[PDB]
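Take a look at this single chain in structure tokens; it is the form deposited in one PDB entry.
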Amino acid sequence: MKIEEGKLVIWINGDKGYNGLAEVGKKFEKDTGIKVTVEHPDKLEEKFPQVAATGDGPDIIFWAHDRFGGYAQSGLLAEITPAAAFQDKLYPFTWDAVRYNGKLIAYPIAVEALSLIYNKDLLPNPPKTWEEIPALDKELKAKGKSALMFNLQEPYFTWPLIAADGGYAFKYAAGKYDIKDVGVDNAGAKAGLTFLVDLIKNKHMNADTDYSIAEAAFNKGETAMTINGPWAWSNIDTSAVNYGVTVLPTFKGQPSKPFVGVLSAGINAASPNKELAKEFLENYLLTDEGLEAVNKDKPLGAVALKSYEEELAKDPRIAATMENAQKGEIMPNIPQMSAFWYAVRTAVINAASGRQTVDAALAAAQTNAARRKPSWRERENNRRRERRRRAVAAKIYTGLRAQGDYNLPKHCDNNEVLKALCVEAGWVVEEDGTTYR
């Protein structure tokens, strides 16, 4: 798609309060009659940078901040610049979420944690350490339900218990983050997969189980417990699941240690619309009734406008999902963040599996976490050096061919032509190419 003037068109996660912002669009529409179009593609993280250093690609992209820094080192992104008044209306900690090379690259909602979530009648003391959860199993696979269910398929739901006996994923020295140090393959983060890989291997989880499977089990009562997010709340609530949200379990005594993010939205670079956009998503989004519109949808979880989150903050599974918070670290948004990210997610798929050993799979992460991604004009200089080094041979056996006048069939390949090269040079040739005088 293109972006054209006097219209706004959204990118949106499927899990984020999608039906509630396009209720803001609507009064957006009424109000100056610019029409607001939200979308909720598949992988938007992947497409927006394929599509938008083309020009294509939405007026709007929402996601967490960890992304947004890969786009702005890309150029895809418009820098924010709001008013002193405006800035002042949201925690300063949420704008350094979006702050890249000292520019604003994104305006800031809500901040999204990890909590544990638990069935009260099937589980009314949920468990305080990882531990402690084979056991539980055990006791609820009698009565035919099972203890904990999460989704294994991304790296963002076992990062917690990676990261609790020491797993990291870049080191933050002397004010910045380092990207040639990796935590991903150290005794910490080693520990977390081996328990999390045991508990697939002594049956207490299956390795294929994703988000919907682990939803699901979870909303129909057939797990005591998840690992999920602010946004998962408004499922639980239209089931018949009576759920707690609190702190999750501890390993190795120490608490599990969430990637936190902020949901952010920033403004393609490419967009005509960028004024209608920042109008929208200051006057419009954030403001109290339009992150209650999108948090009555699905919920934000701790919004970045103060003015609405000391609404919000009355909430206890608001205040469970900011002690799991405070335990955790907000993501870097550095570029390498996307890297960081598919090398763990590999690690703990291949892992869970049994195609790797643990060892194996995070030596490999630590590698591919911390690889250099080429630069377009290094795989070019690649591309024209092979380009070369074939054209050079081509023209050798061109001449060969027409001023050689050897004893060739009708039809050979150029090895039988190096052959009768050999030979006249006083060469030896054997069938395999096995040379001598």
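Residue numbers count along the first chain shown, from 1. What changes on going to the form deposited in another entry:
- Checked against the rigid-part motion between these two forms, the candidate from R67, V182, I60, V260 that sits at the hinge is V260.
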Contents of the next structure:
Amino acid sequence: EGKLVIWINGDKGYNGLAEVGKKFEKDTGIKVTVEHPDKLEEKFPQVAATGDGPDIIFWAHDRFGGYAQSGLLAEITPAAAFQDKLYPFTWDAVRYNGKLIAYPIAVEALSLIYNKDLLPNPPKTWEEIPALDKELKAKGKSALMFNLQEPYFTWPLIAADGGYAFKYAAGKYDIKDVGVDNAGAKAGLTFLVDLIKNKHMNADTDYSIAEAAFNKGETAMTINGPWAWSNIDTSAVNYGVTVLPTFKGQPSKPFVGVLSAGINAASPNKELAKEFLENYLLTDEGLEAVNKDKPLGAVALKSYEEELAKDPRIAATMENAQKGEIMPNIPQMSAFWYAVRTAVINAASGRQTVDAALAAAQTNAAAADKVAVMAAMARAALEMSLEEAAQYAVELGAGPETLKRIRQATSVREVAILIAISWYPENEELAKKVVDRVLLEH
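Could you give the coordinates for the form deposited in another entry, as opposed to the form deposited in one PDB entry above?
Here we give the lone chain, stripped of any partners or molecules.
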């Protein structure tokens, strides 16, 4: 009750943070203890409400939505002048249900990485890349390889011309306003698919393949974040990082990850934690102390960010971050990530058109909650026998009509579909797709 316990992941500068805490206690008499236990993101919701939980937790802002939803984080109330010390968009990442629930610390986003020896002038448009790839193919190399399997990496292009996950307005997300289906998203994914059809990229390329190719000097560009820089530092590739190419004259919009510090709603040192975070850590001195231990990348503090941005790599990370889309912190993002992923993997390989792929991912993401209910039911029911699944229908309060259909059903798959439709009779084919998805995974 007179100490601060701070949890931060092992891959961060926890020792520099501890040096901030020793400066703290030299000024204050309040001892500060920085720990870095494994799985702290999973441990915190289990220990927070009760004793032995940390006063301050550092993690990417997207988990803090879950913490705040369950009441584990204090609402923080920084004065106007302190808020104006950080970039305004970074405060939008630590907003949950109209209330601020963390301090922004660091900012992370994808950038365009390029081999200065192969390509001292990287293209500013995606439209340039086909001819550039044609030119470099005559020399035995390719223009651009990045991970096409994960929608995090392909979303910058897809979103460029107008796509988005959920609409953010007035500090809130509208879970029914999804931008996976609009004209801009379609145009970006169409351009990607065309890059593949013309053999400027391979639909099979994943993270390890892209990183191996770029780090061995086989391709002139990749798309990646600061977490990869160290592997390039050891690779003997003279590389730079810069703003991502534009598409139809609009910036690519990568997702933004904001390392944030929350205050445990059960901490008895909330005022001490506020004083440590505001008066000691979020200063040039404290952020530099953390940064010298392990680099923060781009930083939410304006004064310190403009000192860091003398490195063009950090300046690029921050520029892409300001042109991008804050990662929504809401649980419906789950349905986004699966759906969009399927979509682009199906469009890149020619199994669905882009129109059909994105139409499916749009209906899924707009119906995130119904999908979660149907998929949880399906996961349960598909492990039962036909008889047990029928009894399960009875225990779920199924009406007599669907009960009669269910006793006529010949397989547990059919029963799961009938249950899902008894709950959501207006989305038959979505129910079929969800049950078949769960079947595919087991």
